[PDB]
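The chain below stands alone, shown as structure tokens; this is the form solved without adenosine-5'-diphosphate.
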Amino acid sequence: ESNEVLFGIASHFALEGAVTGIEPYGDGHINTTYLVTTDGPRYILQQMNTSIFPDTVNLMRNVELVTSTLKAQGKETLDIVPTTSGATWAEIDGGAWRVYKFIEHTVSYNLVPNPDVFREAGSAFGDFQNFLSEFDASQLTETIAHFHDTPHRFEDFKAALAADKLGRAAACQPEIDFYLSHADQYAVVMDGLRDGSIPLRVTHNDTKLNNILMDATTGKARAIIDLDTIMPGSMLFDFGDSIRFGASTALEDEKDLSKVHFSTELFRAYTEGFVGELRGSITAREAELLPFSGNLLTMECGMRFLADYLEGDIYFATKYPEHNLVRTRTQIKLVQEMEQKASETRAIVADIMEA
């Protein structure tokens, strides 16, 4: 938005400095995020995407519950800065806005630079699952329905494909046919949740690497951010999504596919950290599905990118017309390598489950 509008928004919130600037910030695809600079502290200002999260009240209730519980254990988290009237968010001119304190002395990554960073990510998200187990499912109502229900995502994909609103399907038949041909694989986790062979757990549901902040000195995890999708699911959604984003040798939107590979060493590092924290709760069936959960979440995210391309880019932020096609192509390349390396990942999990 204009500066006039953004500075106006900021005046609704209990900031503790005179604002000097408000500038676009970060690589989130969903909300619209800004860095607020002041004569003292920094803030993150976000316009929440109400097309994706229509029930703002329930969403903020969940975020308040999670963050207040962390605070009450003396654990660093996202610190909501209230409105000047004490509310957790503001509805202003038809938009929903919130502010968080900027988390100082941190670093974050869109791409794993070395195995230790990714091991730490695994530990952080594994620990967060232990934390979340303290809630029962009823305390944290779903903020998005069918969120990691891959068969439901596939129904959405098939509809986007049949409609082919922009005539973009002609240019991406290999990608389309990849997702169509893997239809038989999409129900495995949902079927296990439904029949009780996979435990229903409270999960984070968007565990990509850039949703953790690490300390700039110690390298240890400081805080997990992007708390909007905390809701019931499977452990496998958090593990699989982490592998999807972080076991790649390339960015999610890397144009040069020759740079995109699935790294079994990174898979190992993350699994060491994650299982390291969850060894006392992980079931045999969950352990059996750890490698395939990577395939599943990567395919789910990929099909969502491609569906969005076919629909004219209505869901994910994009920077250029082909951006979602570029994104779906990395996800496909990753799954192709995950398939080829299946025996190796199976062996890695077995080896860690004996440690």
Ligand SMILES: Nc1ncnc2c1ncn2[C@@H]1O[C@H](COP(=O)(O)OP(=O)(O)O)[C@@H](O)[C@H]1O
Contents of the next structure:
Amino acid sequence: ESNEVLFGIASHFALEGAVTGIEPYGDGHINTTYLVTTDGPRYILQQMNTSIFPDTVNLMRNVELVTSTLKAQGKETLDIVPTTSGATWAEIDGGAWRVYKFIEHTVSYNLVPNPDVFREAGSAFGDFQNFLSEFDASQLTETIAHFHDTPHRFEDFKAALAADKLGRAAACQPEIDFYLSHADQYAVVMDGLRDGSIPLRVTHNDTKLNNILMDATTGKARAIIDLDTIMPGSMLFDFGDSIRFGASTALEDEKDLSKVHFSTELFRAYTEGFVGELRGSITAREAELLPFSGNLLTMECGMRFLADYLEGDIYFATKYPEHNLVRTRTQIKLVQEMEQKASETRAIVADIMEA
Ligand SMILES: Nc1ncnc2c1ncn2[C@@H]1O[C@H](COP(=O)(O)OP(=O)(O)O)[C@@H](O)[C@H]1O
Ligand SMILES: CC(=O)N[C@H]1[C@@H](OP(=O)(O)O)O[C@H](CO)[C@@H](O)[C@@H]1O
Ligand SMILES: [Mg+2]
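Beyond the form solved without adenosine-5'-diphosphate, can we have the form deposited with adenosine-5'-diphosphate bound?
Below: every chain and molecule of the assembly, starting with the one above.
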């Protein structure tokens, strides 16, 4: 957007300084995020993606509930900056906008630099699961239906495949056939939720590493951010998605596949932190499925990238024509290694569960 428009958006909100700049910020794929610099404090300005989140009112009700509950326990969270009229967000010229205080003195990662960071991530998201269990499902309505319903995601993929809108399928048969051939594996968690053998828990559902901010001095988790997909699910969704993004030795969109590997050391680090917090609640069946949840969420995210590629990149932000194809290829590479290292990851979980 133009500065004129963005500065105009900013004037709707109860900011506490003269705005000097509003610049695109971050590696989030969904909302459109800006850093607001002023003569004092910083802010994050976001245009919410209403094609993905059509029910802005319900989305903001969830964010308000989660954040206000954290605040009421003296816990740092996202601080909504209200409109100058006291609302939690603003509809302006057909767009939905919100502002958060910029969370200061923090660092974040798109790639794990060492095991300690990822262990801390595990601890933080494990703790967040405990926090979220204080809510019952009825308080947090789904912001996106079938969000980690992998069989449903596969129906979406198959439809995108069959339509082949852009004729992109011809260049990615190996990737397509990978997802088609794994179709038998996609229902394991949904089946478990449906018949009661996996508990339905309130979950974050987007636990990739760059949705948590760590303190720049202590290295401890300061705040879990990107609260848009908090809703009922399985613990396995949060665990698996974290492993997907953070147990890789490479970026999500790394072009050079030789750099992309699944790290059992990073798997162990995260699991130690995560299970460490949830040992009192984790069931036998959840523990059994922890390794495979890595596979599952990586395949789900990968199929979604490839579906988006086949549909002309309508869902995820992209920087170049092949971006989603590049992303799907890292996810496949990771799953190939997770399959190969299945016995090691089983052993790692078994080991951590006793200790
Ligand atoms: N309150 C905040 N303080 C500092 N940084 C933030 C804040 N909120 C978001 N960010 C940064 O902006 C990025 C994108 O925001 P996010 O809510 O994750 O958007 P998306 O939904 O598009 O992923 C985050 O990954 C993080 O780096
Ligand atoms: C609401 C939504 O679709 N979020 C996506 C999206 O997360 P963001 O933090 O919003 O960029 O990109 C992820 C892949 O990087 C994917 O796993 C996730 O489900
Ligand atoms: Mg995000």
